[PDB]
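Here the complex is missing a single protein chain, while all its other protein chains stay put.
Chains: A, B, C, D, E and F, in written order; residue numbering restarts at 1 for each.
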Amino acid sequence: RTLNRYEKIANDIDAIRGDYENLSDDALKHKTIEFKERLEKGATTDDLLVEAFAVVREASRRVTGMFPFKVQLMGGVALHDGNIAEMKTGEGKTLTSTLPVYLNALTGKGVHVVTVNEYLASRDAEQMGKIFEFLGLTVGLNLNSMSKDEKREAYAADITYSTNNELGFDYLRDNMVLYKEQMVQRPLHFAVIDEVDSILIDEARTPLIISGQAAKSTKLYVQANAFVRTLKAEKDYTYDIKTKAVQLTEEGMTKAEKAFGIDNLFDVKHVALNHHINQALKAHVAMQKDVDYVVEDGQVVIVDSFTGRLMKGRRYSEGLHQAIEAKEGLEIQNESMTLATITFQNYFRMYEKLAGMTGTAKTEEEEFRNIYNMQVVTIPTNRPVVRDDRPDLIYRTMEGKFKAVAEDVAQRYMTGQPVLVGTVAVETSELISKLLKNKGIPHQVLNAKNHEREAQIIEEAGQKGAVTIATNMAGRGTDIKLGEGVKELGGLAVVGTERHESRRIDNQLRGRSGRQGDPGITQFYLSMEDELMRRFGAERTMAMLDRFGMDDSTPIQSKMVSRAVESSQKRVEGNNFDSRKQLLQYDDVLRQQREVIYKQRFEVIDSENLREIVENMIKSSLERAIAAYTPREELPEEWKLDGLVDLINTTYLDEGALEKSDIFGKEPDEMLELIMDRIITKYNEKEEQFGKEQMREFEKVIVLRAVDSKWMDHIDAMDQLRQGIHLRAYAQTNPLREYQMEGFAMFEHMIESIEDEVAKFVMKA
Amino acid sequence: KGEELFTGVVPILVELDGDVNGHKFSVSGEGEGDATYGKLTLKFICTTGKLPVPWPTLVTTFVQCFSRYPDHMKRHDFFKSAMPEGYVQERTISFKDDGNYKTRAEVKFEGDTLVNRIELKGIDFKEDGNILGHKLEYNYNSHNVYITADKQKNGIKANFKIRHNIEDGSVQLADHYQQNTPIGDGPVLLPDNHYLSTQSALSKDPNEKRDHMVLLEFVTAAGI
Amino acid sequence: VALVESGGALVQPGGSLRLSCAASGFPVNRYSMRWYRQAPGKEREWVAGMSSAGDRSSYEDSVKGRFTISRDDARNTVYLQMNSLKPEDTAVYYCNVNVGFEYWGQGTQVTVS
Amino acid sequence: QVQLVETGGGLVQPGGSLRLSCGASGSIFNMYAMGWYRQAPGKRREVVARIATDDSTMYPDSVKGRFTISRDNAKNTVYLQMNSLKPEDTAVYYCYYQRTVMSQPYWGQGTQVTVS
Amino acid sequence: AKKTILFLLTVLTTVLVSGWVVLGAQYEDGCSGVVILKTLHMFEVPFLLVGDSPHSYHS
Amino acid sequence: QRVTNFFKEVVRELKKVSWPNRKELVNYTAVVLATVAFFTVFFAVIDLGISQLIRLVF
Partner (left out) sequence: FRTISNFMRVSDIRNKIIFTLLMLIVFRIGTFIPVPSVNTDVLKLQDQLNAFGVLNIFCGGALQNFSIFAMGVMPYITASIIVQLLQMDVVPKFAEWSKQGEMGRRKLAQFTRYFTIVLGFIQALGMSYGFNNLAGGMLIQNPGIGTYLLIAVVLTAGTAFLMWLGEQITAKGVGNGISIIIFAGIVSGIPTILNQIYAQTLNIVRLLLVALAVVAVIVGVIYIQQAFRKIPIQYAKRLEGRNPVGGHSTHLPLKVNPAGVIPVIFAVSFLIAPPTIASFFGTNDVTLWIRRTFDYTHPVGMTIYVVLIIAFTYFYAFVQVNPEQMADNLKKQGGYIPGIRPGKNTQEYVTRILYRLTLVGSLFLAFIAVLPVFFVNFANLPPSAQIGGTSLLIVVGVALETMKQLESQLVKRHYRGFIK
């Protein structure tokens, strides 16, 4: 059992922090130099662990006033081992990140501390960077707004604080550079992932995708948007509430074919019109305004589903963003084109060491074992949870639930206890803010749109008589501190208003209330026309909401609706489980291909002579060109060798240098050797006249341009294959094996095209 | 908008009739034009017989709206202001050491398709020079068309010189003075000096019988 | 395809110097190569050049009777000459060929002073 | 490996009795099964009698009561005493042994008991 | 009425699971036309029945 | 006469089926006959082996 090992190491650190206490600064900052030279002579980080942890304990008490508890040392040892430290919400996970981050930044290779958003990254960077810069290391903070030089300074520091999006995008942009000295990241060495279950379980359902702008079309967006704006929500389309899929009906298809003058919408010449009609339908019906996006400064800005904040650079793929901009009446932008793609599983499994800490890991433990080979370690609390988690108050309608929520917030405001109401969308947050505006209750709102005042709102949210309505922004890592007298009122009642997509997320909201042994109440007010119940509730229990009556002043005191609420949430969790499993194995196929391509593109970049690489490319292209003619079947002179001579003179050997007589009646390998040594002397004349390093610049540009263009086309073709592959499961094959085999064939044809393009552009230039 | 509507591929009809020294010629052809990449892939066929003046002396007479524009020169085009309304261009083409072309063309979207209706009249010619002696190599060079605007006529005056590879080993430097006129009178856009960096390619079809010119051509602009 | 010129030096007006242009990517046996020049401030004019190899070669009348463009296919390069040049013909000389596209040389600076 | 001389096949009137004697050669007789079957014409032999090594005798209900078995070890004879004969009991007869539970049952020669 | 024919086929398949009881009852040429052994060795497991919006960071 | 129209449709349908070509047909028959012959010999040999071990142990 490892937990007794963690307790033993924590007691070791306790004895020697007795030893480390009476040391001045410049004698405690000297311990970093001492550990660095001991780590360069012969020691490992595992031998230095107790002395480094005692130095961080003393330095933290000297800087921040906090002296880490022994459960924080247990979580630090569990993070140094590469495990997942599941300390509860409020327990002190930021100091327990600073223990193994200091221990593993002494070797000089760099530690990445990953968080969920940029508020938490900047907050932790400020406080724990005060600790680390006392000790003598360097803390960079990698933000979305920085330039490449500031990012390179942030990654060159000893400890880098960033969010998971910026790390993924920096990796993807480092494999699109032309010079090696444009890469910002160092080799990936250690990642401490704060809120692991958000990053590695929840947000790992999505890939990071870097796009680049393609040509602009606008007329079909306005045409399809003007068509869909007259379309009668039940006769001409069906909106499926379960999976938010909007489809035309046969009346709507008839009206579409009449409005555009076409005869069949489902031809292969009207696939662009059908795509524009479908994306205008999804933009109108399935994408509600203040729920899914916002309109800021004449632009559609996406509100993130997990973090609940605006994603400024990010745009919807496949023409949905342009359909939303046509719907809103804004300027329709250009299309896009996927340049690079990675998932968070495949990104963080490149990291040579991976740790993590969260409050809510234990239910996902086997997933952390199957993918990341990380073991969830549960840490004690050192002070018991006095937080009061009351059961949910289920109502019939949303108007009755919101009247109850406003009445609860009103009667907690009268005593002086601070309230934090937790919604999800921006529009329900504004609805409940106007529900408290009349009733005369002064509040703050923390939406995606109110992100500028966030660090101010959180500093006032725990005062006496402080109502804060907050979306997903608050309920993940936000540390609300209680004001004077608030701990006697049982401070910070969290009033949730909906169930989220897992028990982990609403446990995180309750964790905003708890906060290390302080009192707190967490009441959830659900409803029966909540979006979780409407979308994932089973159709049996969705029939007796007339049986419960139509009053909504008192909650439904049943036990069949509580089973329905829990089963709907378990249905969402199972759907997300299978969706992230599917994305995992199919991006394992693209992960193998991408790792081959990116490793060889990098060693094209830092190779100070490319003659052997380009000559092997020309020889492989030439062997395939020889074997494309000259087949094994028709040996005696049915070999069409003047066509091969024409191909060599059009691709390799400048228009006159080969005749039929040079390769007449030859074996394929001896004509290969004849053409190949003619190619070598032509290359040597090119390298003589062209220059020596100028020739390397020339063919580096050729090779990298070919690799980039064929790899973007391969990402597109691989996406199209993954569209049709379940239809391949209709023929009683395994569709994953069909995906792997067709992806291998597609990849090898892509590499043959890379070699053909490089051979042609080098030899014929 | 207008030609910002025609970002997709465009059908190109070319019709040319003309006279040099009382000798008749009539060449037609069809192909495609693209603006977001800015290229012209055109299959042209001499439908009268033999060429009095050769194909290289024809190619600047053979549809300048199919340029490729990067993001900054989008304001600075004239050739997306008179379209789809229509376009008219006439040129004075002075051959040094020979006579003069006066070419007479209207380039407009007839129905949908880009039709270039050209009547060419070549005067001041002596037949024993190089052009009617057919001394041209089957090629066309790369050039820079200089574009400026005039506001008394509110149109475009274009100046350029072109260079024909003569088969004796010389070049015919010939200068084009070009006048460019709208047909409709909507939003005209008269920018400053800029230049079309253009390049071409002349080739043939191995499975075609008669005397035909295959044209492939790239246009880019720069300057502003 | 990438014409590179060399052989350009400061030549006094009584000395004649050949100018070489190495062709890389096409044979000189079947392409007419031309020698242009452009002085600083001047517009780029055509000086000399011959096509379809060796049976005919033309020049401009400022070098007619003086210059001679030659070539060698085994070396696959073309050569000019700067014989009897006057300070009026200070320029950067350019090697020009037309195989499909039009390829220009980088330019060799000769100033006769 | 152990030959069986099966004697006692005589013509009996239907409604009589008979004695069949399976004389074996090798004398160990810690054998898994011994017994007798018919295989008349009109095939699929019926196992008529069978002795376990614990003498736990079985019969089908076709010949139950009417047929008795006997095995005396170290005097290699297995006896089938047939009582209350019948015209459908007319068959050739084969003694058999089987050494162990995984052995193969090795037969004997024919003994035509004709009951008419 | 697809439920009736599907239930009739369910009772025929459990006839195949239970029909081993008729081996020697009425033939008396014991296994000389019984098809149960063949059914037991002739079959394989049936194949299983078959049965959001992506974003992108602009560079 | 609907049934002859239906059989013309069946023959028309069979020309859109993607039948295996002769190279993969020969490769598939080689794999099938190799698997059946190998497992025939494999199961005969382990039946002989288990039978001898059963004769030893009883």
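Here is the rule we go by: contacts are C-beta pairs under 8 Å (C-beta built on N, C-alpha and C of every residue); 3 or more make two chains touch, one makes a residue touch a chain.
Q: I'm checking contacts with the chain that's been left out. Which of A:135, A:285, A:707 or A:762 qualifies?
A: Answering carefully, the residue with contact to the hidden chain is A:707.
Q: Among A:214, A:233, A:386 or A:455, which residue is in touch with the absent chain?
A: Among A:214, A:233, A:386 or A:455, only A:214 touches the chain that is not shown.
Q: Using the touch rule from the top, list residues of subunit D that touch the missing partner.
A: Touch with the absent chain occurs at residues 32-33, 35, 37, 43-47, 50, 52, 56, 58-62, 96, 98, 101-105.
Q: Can you list where subunit A touches the absent chain?
A: For subunit A, the residues touching the absent chain are 214, 240, 243, 245, 247, 250, 253, 264, 266-268, 271, 274-275, 278-279, 317-319, 335, 337, 538, 571, 574-575, 577-578, 581, 592-593, 596-597, 599-600, 603-604, 613, 616-617, 620, 707, 712-713, 716-717, 719-721, 723-724, 727-728, 730-732, 737, 740-742, 744-748, 751, 754-755, 758.
Q: Determine and list the subunit E residues touching the chain excluded from the picture.
A: Where subunit E meets the chain not shown: residues 2-3, 5-7, 9-10, 12-27, 30-51.
By our rule, only the chains that are shown with their structure count from here on.
Q: Quick check: more C-beta contact pairs at A-E or at D-F?
A: A-E
Q: How far is the middle of subunit C from the middle of subunit E, if each middle is the mean of its Cα atoms, in Å?
A: Each chain reduced to its C-alpha mean, subunit C and subunit E end up 89 Å apart.
Q: By residue number and range, which residues of subunit D touch two or more other chains?
A: Nothing qualifies.
Q: State the interface residues of subunit B toward subunit C in the complex, per the touch definition above.
A: Touch residues, subunit B against subunit C: 137, 139, 141-142, 163, 165-171, 173, 199, 201.
Q: Mind listing the subunit F positions that touch subunit D in their complex?
A: Its residues touching subunit D are 54-55, 58.
Q: Which part of subunit A faces subunit B closely enough to touch in the complex?
A: Contacts found on subunit A: 215-219.
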